[PDB]
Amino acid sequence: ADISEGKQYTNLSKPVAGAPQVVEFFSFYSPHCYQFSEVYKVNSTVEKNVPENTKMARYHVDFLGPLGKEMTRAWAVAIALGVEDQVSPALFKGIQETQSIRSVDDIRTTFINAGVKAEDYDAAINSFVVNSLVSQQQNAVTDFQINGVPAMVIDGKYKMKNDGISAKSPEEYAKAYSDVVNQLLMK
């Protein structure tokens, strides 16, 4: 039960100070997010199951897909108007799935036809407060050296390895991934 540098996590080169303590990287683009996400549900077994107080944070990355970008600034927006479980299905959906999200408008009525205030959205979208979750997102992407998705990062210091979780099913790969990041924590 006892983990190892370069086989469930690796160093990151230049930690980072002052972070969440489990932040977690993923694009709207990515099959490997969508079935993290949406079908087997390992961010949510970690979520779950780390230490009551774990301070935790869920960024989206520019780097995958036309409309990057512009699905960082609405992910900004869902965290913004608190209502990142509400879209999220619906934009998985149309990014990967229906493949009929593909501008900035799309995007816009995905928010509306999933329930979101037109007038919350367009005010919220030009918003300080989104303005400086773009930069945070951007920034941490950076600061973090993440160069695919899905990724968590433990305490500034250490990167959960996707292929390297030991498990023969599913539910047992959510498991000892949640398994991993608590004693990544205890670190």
Second form
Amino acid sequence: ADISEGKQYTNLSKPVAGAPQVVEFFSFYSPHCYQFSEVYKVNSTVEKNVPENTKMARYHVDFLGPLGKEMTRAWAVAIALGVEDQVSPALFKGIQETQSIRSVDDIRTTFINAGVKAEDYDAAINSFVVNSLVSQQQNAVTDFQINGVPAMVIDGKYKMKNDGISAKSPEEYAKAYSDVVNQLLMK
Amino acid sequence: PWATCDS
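Could I see the form deposited with its partner chain bound next, after the form deposited without its partner chain?
Full assembly next; the chain just shown is listed first.
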């Protein structure tokens, strides 16, 4: 459909230079994030449909949950080990479904039950690389002015309006969502 | 439910 500012998206008031072409913001604590990415799979539909070589990012936010910032480091570990797809469902589950993730040791146990070697996790968790990823996330949440999640910003300049995409079903919504992004990408 | 987000 026609894309116009204020309808399917809004302009960032202070854009971010040298940002990835797509930046996703989420929290493992957020029921809406679970709903958006694990059930409806809107970010995954989007990731599948963008042009080849599109620079993508997915950042965790500190500001939800008692272990927000510990969970942001967990997500950095997941990125560093490249096991996002394996642990992401378990981390959502452990936070929201079973509430079995009570402490940082529980985060560690979660990675290990998702097949990550304890020794790799221990090497990674306070590594320079994981430290850099944590900084990367935290700074992104500031520079993109992210106050709520799920959120997606394109070209460091356009903020998606999730309540501005219309669909007769969630399945269409994700396709519809993916449709809007690619239009903002060619822009 | 895309209407609202968690802040």
